[PDB]
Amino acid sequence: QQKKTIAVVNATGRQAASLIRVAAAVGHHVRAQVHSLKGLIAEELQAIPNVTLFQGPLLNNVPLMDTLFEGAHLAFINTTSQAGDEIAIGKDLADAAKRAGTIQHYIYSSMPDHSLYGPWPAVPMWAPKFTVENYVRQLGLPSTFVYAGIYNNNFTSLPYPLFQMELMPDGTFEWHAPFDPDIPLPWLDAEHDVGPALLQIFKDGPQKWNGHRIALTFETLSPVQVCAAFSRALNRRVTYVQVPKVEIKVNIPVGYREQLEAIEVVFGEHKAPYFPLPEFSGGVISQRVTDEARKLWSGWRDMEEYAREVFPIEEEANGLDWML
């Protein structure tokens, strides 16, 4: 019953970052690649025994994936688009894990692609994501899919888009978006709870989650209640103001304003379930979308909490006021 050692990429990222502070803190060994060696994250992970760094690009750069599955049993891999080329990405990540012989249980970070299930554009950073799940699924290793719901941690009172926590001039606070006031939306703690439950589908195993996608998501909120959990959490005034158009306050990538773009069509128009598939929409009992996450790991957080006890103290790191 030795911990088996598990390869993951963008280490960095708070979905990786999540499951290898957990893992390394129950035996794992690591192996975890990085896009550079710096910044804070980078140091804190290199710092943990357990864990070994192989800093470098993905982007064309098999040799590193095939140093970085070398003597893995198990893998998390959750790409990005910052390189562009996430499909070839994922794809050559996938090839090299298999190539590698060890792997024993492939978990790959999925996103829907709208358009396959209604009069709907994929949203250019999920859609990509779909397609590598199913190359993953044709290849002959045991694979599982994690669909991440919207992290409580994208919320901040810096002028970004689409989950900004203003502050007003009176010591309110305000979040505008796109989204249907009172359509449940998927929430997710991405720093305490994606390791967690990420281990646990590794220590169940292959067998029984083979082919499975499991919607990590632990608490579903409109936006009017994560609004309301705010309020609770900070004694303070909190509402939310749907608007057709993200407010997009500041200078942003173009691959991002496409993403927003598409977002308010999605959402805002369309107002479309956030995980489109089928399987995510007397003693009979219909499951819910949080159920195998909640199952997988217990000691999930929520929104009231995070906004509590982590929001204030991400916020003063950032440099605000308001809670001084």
The other form holds:
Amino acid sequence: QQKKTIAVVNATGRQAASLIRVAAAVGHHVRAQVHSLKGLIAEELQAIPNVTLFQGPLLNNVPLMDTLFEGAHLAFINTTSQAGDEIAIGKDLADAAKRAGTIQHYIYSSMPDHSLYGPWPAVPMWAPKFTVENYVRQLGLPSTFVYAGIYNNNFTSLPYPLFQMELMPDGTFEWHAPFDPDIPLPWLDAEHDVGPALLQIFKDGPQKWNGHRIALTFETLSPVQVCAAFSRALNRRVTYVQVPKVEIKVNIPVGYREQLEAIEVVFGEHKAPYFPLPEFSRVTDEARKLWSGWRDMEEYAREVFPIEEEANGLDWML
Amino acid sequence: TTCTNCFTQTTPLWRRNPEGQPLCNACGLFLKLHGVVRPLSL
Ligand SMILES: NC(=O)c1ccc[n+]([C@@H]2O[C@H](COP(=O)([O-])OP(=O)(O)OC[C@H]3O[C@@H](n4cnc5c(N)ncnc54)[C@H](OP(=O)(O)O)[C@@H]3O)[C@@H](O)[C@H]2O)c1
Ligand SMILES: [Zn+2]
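Form deposited with the partner chain bound, following the form solved without the partner chain:
Okay, now the whole complex, with that chain kicking things off.
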């Protein structure tokens, strides 16, 4: 019934930002943690009426944590590797929340530890989340865990790793990745659908979702289909090319390099499932039930892709 | 048609706000469930 106060971290991130916009819009209060006020998103969120930001780091920063949870009834926690030890952080947060004693529903955004379901390696920026999940369960916090599918908007024609929808000279598009071209992958439209879904989960309470793992994915497509989709929207020739290794056309920091290396092995070498969890091995059923106004690849490719490019400074849409 | 909120032109099902005005599945659904117009980035 009544709207609550939600604590969120990494406010500028695609998952948080999505929730924040929708949460504030319907009447909820938002206490959010941002690493910096400088930035488009930052200023945007800074602008939304019932949003209160706290600028500071999460690593070894319990003071902020305590503040953030003051008067909070809900929480959507989704960290990044850019902030430091994601487990020391994810643990402190969960401790903060418990100390607050007012959290009714604590949704943590989790990811698989592939080395636990096969002879595979632990993907560097996913596996640590799984450890924090268990810790949340351990504290007994009324929680629900979400596993986000890969973002439709990771795509860009720019020289960024793994998800480059490259604009060939002849005006065609090509996507080169280690992923099998025939194997469906779990997709998700972060900006468009994370907010609405998390809202609906909160709207349901731990009475329904406590202890549950939910796959935040609204559609499954194989690389070839992804391309068939971009090709459907832009009315151009988009073709997929399976490459043994991830192409790194620019300078990237270690963590992302190691991350990609693991990805090469797990998806390229071992042809493994994005969600190696027995429960996630349709996976889109629950997600679609929670939010049925999701945005598929076709609409993304057509309606958003072009725009995002444009903003990034490109011009083939003109 | 085009959505009056997000202005998309790609949607699985078209909707009508309390004014018969054209909304997309998302915008229309969000409004219906929460009471306010779907908030858009930017
Ligand atoms: N992309 C996918 O397909 C996918 C799928 C499943 C899970 N994930 C997970 O999503 C998590 C990331 O969350 P997200 O997608 O919501 O974020 P995101 O949109 O990828 O954005 C990354 C964020 O970190 C902030 N940041 C940059 N430098 C930082 C620093 N030094 N310290 C602290 N924060 C810093 C950025 O803020 P500013 O812009 O303000 O600098 C930005 O909001 C990752 O753990 C990833 O594994 C991604
Ligand atoms: Zn719309």
